[PDB]
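One chain is shown next in structure tokens, namely the form deposited in one PDB entry.
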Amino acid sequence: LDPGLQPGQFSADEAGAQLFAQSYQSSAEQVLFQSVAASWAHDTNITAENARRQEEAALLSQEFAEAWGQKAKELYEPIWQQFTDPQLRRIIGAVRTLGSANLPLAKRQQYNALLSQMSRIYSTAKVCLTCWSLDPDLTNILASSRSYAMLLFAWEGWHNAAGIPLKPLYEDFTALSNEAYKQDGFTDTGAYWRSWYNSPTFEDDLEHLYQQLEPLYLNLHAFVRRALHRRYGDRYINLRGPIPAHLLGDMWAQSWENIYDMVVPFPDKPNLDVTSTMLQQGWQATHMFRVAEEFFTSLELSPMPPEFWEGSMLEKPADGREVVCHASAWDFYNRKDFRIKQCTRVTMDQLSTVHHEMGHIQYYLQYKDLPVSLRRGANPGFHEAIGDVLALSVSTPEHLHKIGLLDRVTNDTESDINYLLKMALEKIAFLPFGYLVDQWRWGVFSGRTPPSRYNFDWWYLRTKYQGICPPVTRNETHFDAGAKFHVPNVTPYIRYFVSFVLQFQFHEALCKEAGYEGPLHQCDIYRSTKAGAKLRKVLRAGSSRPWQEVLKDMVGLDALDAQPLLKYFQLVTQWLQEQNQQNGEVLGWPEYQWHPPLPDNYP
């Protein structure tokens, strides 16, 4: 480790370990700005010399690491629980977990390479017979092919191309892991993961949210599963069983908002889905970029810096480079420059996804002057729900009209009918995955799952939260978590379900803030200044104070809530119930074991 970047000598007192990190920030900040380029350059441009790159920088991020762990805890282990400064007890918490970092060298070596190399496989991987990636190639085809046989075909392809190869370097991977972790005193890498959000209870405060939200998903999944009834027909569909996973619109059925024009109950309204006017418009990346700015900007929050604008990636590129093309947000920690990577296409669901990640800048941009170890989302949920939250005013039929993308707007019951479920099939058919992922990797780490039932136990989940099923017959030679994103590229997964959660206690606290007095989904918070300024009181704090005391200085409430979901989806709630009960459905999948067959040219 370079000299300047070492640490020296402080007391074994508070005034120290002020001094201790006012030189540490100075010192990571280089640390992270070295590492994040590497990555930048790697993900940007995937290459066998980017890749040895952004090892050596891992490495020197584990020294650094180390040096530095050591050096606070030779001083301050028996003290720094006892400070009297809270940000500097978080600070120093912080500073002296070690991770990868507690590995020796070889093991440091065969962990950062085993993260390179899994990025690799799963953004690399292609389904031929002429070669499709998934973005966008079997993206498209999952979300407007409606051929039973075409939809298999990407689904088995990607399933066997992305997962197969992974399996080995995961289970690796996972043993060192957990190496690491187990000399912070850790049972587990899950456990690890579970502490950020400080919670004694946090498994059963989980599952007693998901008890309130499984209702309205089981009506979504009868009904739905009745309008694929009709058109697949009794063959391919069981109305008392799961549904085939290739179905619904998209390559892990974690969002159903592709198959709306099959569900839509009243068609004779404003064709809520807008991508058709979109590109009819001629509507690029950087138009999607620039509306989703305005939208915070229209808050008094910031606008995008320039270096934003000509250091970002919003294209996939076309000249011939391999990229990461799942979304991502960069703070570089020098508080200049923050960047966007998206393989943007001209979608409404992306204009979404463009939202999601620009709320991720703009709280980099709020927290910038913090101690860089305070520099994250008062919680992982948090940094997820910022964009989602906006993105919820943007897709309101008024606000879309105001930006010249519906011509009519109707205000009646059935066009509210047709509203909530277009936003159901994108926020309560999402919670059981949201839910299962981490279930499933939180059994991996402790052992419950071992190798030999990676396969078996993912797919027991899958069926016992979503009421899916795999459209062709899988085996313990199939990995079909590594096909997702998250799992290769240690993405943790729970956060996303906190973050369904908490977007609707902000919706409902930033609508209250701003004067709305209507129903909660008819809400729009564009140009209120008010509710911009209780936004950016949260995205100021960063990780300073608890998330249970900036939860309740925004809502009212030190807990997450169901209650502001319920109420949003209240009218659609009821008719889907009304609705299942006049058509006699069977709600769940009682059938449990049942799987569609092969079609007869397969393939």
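Positions refer to the first chain, counted from 1. For the two forms, the rigid core is made up of the largest set of C-alpha atoms that agree within 1.5 Å on superposition. Compared with the form deposited in another entry:
- Core-superposed comparison between the two forms: among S144, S276, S147, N411, the single residue whose C-alpha moves by 2 Å or more is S276.
- In the core-superposed comparison between the two forms, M358 has its Cα shifted by at least 2 Å.
- Once both forms are fitted on their rigid core, the CA atom of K336 lies 2 Å or more apart between the two forms.
- Annotation: Cα of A531 displaced by at least 2 Å between the two forms, core superposition.
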Second form
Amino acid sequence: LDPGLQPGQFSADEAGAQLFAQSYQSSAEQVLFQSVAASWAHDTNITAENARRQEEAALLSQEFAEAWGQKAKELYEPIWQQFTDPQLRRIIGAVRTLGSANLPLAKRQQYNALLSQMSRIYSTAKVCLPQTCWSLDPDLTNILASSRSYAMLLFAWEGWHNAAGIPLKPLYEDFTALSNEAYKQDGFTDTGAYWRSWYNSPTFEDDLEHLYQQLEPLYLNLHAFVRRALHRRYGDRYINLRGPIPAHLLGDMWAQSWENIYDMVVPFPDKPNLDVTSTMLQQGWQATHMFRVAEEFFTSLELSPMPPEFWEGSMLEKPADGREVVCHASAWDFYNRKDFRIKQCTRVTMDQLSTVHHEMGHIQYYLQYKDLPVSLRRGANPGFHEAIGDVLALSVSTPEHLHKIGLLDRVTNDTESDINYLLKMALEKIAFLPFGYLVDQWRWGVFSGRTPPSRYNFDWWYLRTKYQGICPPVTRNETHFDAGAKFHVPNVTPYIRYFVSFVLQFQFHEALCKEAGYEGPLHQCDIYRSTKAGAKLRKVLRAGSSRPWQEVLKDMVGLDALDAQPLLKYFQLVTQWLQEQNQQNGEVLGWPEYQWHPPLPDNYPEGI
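Please move on to the form deposited in another entry, as the form deposited in one PDB entry is already shown.
Partners and other molecules omitted; one chain follows.
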């Protein structure tokens, strides 16, 4: 490591730790910036040379973290928890956690290789036919979303899970062992305990379960309503009105979001859909204007505009020069207090306008906490960033807001269109809740050893049926590794944050709507042009992770805890309607025939 980047001499007391932390920040910004810039250069210009430069930068960052982490532990391990400065305790406490840097040199290289291999297996997995082959993006995704042929959906679902999961299993086993070995040296019983420690809650798992108990009735009613609709479409041979739903029929490879089957379940189909896409096109909107419109939403709250560096450096539309890029939208903090960017192959549609606002919500977060020490430039807990992005989108998606920005002449007030709106939202927000909760329950069991490799798939499908009420549409056994067929598993990205953020965002919404002086149905609230809501946002965002998330949340919503009631209050109208619908049809809530699996279609897979 360059001598100017490794730590010098510092004294083993709090005053010395302040100097240590300031010197850490100076070098850390350089290291962090070069890593983000190298990822940016690759993700906006995918070449092998750029991929190589990115790996160089990542390994420099790892080397930096180990050098400063070992120094921090040598000097402050027995004393940092008694420092009087709480932000210093947060900084030092993070620096002394080495993760994979605790592994012997060859194991550390193996750990990094496993991460790269697992990521590559997932991104190149494909489903071949009895011939060309399909890729997850966009081939299989579009089949799951729009095909209504049971056997076709089945072929894509089975093909993908076998292709992505099976080769991952031997690697995931080795990753699990090395990951645990590394974090045991940081003082954690296993990797899952380290992930959970980010929430700094002695009763995190109990708190989560109590939350889900309050949410489960809404999911069960949505599940039974949708299961009825599927029964009408595919018949009694493939749909058990008292059993789990076959996992490939909900519009999504993982059945985590059901909005792609909205057309089957529309409460009131005779009402016009809400889609202002064509009006955007007639008004001449393009990607840049969409971002300027999003920017004006933030300035209307007296939040910060996008700085010139954002407009100069961002990739707001797919480059015309034929460059290969990552088109999925993402927001970038370069950790130099200067460069902040969005990378998105923006298209001119209503849904994309909502995404622009969401992603700019991430940028606004970055800009508000950019004067904090680098270690504290993150959300108050790992679920805050998505919750901030999503709460802004909750306002911007309403017909009320679309009217105000010139995209919808007349706002209807018939209750039937309200139900349609809420049911569409529920297919996205409520259907996801069991999946967001269960993924890390599976990984926590794997990390702790309660789920050895011999029961990876058994415990995966236990959780999937228990919470989502689905079953695999073909028989599975322990040669299959269906957890591996979800991006975040081989790419080792924690997941409970997303369940947390789905709860949080409705807590945020209620608080901000009240601060905005809004009165009426929560799902019609738009905080646009409320400087009082903007002030309340500003105080959460500028805090970064400098303070306990429970206290930041208390200042914002008046409660120091996650709470499911604001979500239930948002959806109360459609929850009521679903209950009535299910009781009119005499539905069984749940899946009492838990052993049920559907049969294979005749002569599978010689089909169209």
